[PDB]
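Chain by chain, the residues:
6 protein chains.
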Amino acid sequence: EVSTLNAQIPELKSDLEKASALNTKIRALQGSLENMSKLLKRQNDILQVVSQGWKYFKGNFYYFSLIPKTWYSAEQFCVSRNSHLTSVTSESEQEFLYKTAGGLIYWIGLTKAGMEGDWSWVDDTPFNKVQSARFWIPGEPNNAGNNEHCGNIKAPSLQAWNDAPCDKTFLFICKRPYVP
Amino acid sequence: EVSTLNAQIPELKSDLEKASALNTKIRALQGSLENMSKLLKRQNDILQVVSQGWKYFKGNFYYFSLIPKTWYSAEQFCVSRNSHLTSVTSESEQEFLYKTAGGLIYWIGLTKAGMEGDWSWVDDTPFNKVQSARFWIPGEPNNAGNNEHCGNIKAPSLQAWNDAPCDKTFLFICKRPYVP
Amino acid sequence: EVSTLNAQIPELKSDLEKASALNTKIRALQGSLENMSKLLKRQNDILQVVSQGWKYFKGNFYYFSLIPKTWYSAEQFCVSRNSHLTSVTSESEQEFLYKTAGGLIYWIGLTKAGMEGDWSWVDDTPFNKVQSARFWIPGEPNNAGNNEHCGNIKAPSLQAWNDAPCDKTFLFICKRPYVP
Amino acid sequence: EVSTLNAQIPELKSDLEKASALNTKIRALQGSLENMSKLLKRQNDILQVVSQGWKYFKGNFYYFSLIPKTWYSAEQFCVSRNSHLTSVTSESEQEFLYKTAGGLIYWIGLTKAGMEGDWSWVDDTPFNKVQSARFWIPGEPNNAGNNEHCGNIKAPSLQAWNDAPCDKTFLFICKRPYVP
Amino acid sequence: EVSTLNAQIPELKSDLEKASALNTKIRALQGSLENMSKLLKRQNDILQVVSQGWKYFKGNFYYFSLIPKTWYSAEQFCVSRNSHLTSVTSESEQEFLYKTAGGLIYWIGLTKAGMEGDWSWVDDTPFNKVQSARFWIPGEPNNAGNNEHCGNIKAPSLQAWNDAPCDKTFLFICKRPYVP
Amino acid sequence: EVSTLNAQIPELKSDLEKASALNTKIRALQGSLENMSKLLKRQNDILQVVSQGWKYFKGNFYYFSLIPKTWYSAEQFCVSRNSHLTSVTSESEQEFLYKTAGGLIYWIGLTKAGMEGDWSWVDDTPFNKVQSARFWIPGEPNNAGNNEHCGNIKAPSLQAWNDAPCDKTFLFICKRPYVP
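Protein chains in written order, with PDB author numbering: chain E, 146 to 325; chain F, 146 to 325; chain D, 146 to 325; chain A, 146 to 325; chain B, 146 to 325; chain C, 146 to 325.
Next comes chain E alone, as it looks inside the complex:
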């Protein structure tokens, strides 16, 4: 009866760490498969809008228009595309916008509003004077002829924003935030 005990008790160990290891593997595998499922569904959601002629950058779909429209008409078209004239909130966003622009001028959300005519984004994004000055073309805004109250990206460089009358047609970047 000694040999059977010296066989059973190590069986007790072996199956206890066996069950413990199986539990650890099941929990870790469940977590990892849930994470990869989220990753794949997010990627699939990414793919479709980009496949329909839209660009993507930092959680925003940007449609670089094939047809030119005026600042407010461009905003209307972007709204019809459930979007707005692109509002730049960072260095990287401006960089991507003027790089994908390929040298083309795109109306953006910049417009003079308020009692002081301060600049603002059409999509109600806050206008950071300090940050915006770095994105503005040198000498701009100058309000040439006192009629330059809308902004557009012209230069393929960080300082791409020029002020100009809202009334004239341009290509435009329709911006709508990514949502899962």
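In short, the hints are calculated from the structure, not lab data. Each hint should be verified, as a subset may be incorrect.
Unchecked claim - Using 25 Å as the maximum straight-line C-alpha spacing, the simulated SDA-like pairs for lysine to any residue come out as follows:
hint, chain 1, residue 1, chain 2, residue 2
1, E, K186, F, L184
2, C, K244, A, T245
3, B, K313, C, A300
4, F, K163, D, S165
5, E, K158, D, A164
6, F, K200, E, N189
7, E, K214, F, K244
8, B, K313, C, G248
9, C, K200, B, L185
10, E, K203, D, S210
11, E, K299, D, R226
12, D, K244, F, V194
13, E, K186, F, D190
14, A, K200, C, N189
15, F, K299, F, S237
16, C, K313, A, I250
17, A, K214, A, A300
18, D, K158, F, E162
19, F, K158, D, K158
20, D, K158, D, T169
21, D, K257, D, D268
22, A, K200, C, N205
23, D, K170, E, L178
24, F, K203, F, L303
25, A, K244, C, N205
26, D, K313, E, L249
Based on these hints, arrange chains F, D, A, B and C on the given structure of chain E.
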């Protein structure tokens, strides 16, 4: 010997139920892994065609041409691209076509046939008059000048189809179904 | 005690074989999950460049320019985009280039060097005379006016290369290899 | 009869020439007398308002208030005195205003208005950016707290204008043009 | 002798007409110069008192004190300045007084006398109840505490007179008539 | 010929007599008009300085400060106004100063100089101690605390001068002579 049995028999229940759980987890993890492998290979199949200047929608690849050509010349080019002039079979197809068109005009598979000029699709897609009724521009088809026997999408709206002579150049949407 | 042995020894076979099966599962699953993780990260690396207006083919990103520039100006722009004028090294590359070109003309890395004007690639790619002859338009190179010392793809066919002076403006295909 | 002729003809010369001199005297003395008449009327008109505690400068009466009022209330009091918060249209105007101020702060016609919040004069005097540039205290306007939309003379120097909220009580310079 | 007579008679007539006209000039010019000399003398008389910090109105000199005094002390100071506390005999005088006051309160010649306490002027000016009725502040005189027996100009309006005990200090308007 | 002579002789006599009278009146009128023109020029010169809040007395312009300053700071301000701290050269000037002061305190040009500290005027006016003694407040100068080396006018009387330390802030009378 009683303690040995009271140790052996619960070991029987434990290892039996745990091997059953092993069977369950093996089968579930397997089915999920071939499922995700199929999803991965399908998305890989999807991505390359889009990466080469093509658009995709509901299992069909649509090329919105950068060069305008006539109706039958566009059909020839699409055939050379293993495709055809896009035939519209659903609300979603027409919507996607005119939205990705971005206001541009694209030849489609609409063409008259026979002595009475019944409309039909070039890619042998059946043409349902009642179903295709609301896809036509109002007043169209009118066969203006009695020479309007091919269809093209102009308006960024559901009523975008217009009949017009087949002999003039326009942009075109080459359509070939996605095949894995 | 005989029944105890006849019950516990098969427990030995069962637990050893199931531990071996668990080992097989762990190793195979670990290898497969590492492989699919690598595939996922490579796919993520691929997708963003194409999502920003670029094309992709066999580990090389090709930007088909929206703005035309001369041979050396196009090379400068491509370098600014961390790339070069595309050098064609295979049948597949030439085919993809003239197919995604959509009938458009693009400057490539072809250039003459030295007093004898031996042809070569700008990106230091070796120039295969035998292979390149199959890619050159018939009658080309001809050095029309003794001034045609660069190369561009015009025809949507295998024999797409025509020689031309380096100083004339054309669209261009910026080429940079895919790096993980 | 010779002597009477030689006496009477020079009588003709003398009385004719002195009648001419009489005409010259009449015209000159007249012109001078009504000229000094208008001058005397103008000085009598000038003296009366000055005698009533008002100051005078280049055809404008400026009442340097003995009681402080807010910008809008100061304008109300000035209007009640058939005047307005003083505008500044010249170097001499600003100089006289801050010199007669004697170091005291006086509300002036400066106020932000219009879609761009541009500065303007309460008395409807046109406001020139370039002209009024040097009349502002250095660093002003700064719109401290984004609430400084009226102007007052503080410094006993050319750069006397500081922007401030219109709601603060200050001495004020009532301005009304001299009218004959 | 005929010609000399036909020259002499017009000589006499012209000499007589010229002499009469010169008499007209002499008399008219003498009268005008004497009148303007008197006016200039009066202007010189007027200007000197005003130049010494005094105000002037319709033949009276009014000193608006910079230091407050009690009613009787103010009267003593005015007497020392060869004047008296100002008495108001017309609407224009009251208007000038309160307008030059600029909202400030000034002791005036109002004082009660006799066992019934009838009001009167300190400078022996007759007191018109009917006229003074419209110069008192509405509700005044009320003789608050039965101790209000002196008058001061308070309001920036015609009804500026307020009654108060004579023992408190106010600014004061010393009044002395203009005499050539 | 008798009658014509008895008419000619009175003609000559009257013409000569009234010609002499015209000469006399011309000279007298010219002198009077030149004198009154000079007087009017002087009056126009006088009026402007007084019109800007300044006082005048016997060829000197005195500014009674609305803001107080220390003795040396008052002198600096007076110099900046092209003037100096007022010096007294006559009894009438002292009378005018303390009467226009209206009981207020004003710094004057009295200051000690040299190792014996003899008194003198800041504007280099000679010190008439014989006349100055009649203008000092009784008991003054006393040099209280051996630190009283400047002069101030406080008392509304001829004896208005008091010695006092130069470092404290009083009102001041800026004095500058009238020059045509």
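Going down the list of hints, with the structure as the test:
no., hint, result
1, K186/E - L184/F, "holds (11 Å)"
2, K244/C - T245/A, "holds (22 Å)"
3, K313/B - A300/C, "holds (23 Å)"
4, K163/F - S165/D, "holds (15 Å)"
5, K158/E - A164/D, "holds (13 Å)"
6, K200/F - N189/E, "holds (15 Å)"
7, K214/E - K244/F, "holds (16 Å)"
8, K313/B - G248/C, "holds (19 Å)"
9, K200/C - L185/B, "holds (21 Å)"
10, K203/E - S210/D, "holds (24 Å)"
11, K299/E - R226/D, "holds (18 Å)"
12, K244/D - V194/F, "holds (12 Å)"
13, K186/E - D190/F, "holds (17 Å)"
14, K200/A - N189/C, "holds (16 Å)"
15, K299/F - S237/F, "holds (17 Å)"
16, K313/C - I250/A, "holds (24 Å)"
17, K214/A - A300/A, "holds (19 Å)"
18, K158/D - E162/F, "holds (17 Å)"
19, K158/F - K158/D, "holds (16 Å)"
20, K158/D - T169/D, "holds (17 Å)"
21, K257/D - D268/D, "holds (13 Å)"
22, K200/A - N205/C, "holds (20 Å)"
23, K170/D - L178/E, "holds (16 Å)"
24, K203/F - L303/F, "holds (18 Å)"
25, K244/A - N205/C, "holds (19 Å)"
26, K313/D - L249/E, "holds (21 Å)"
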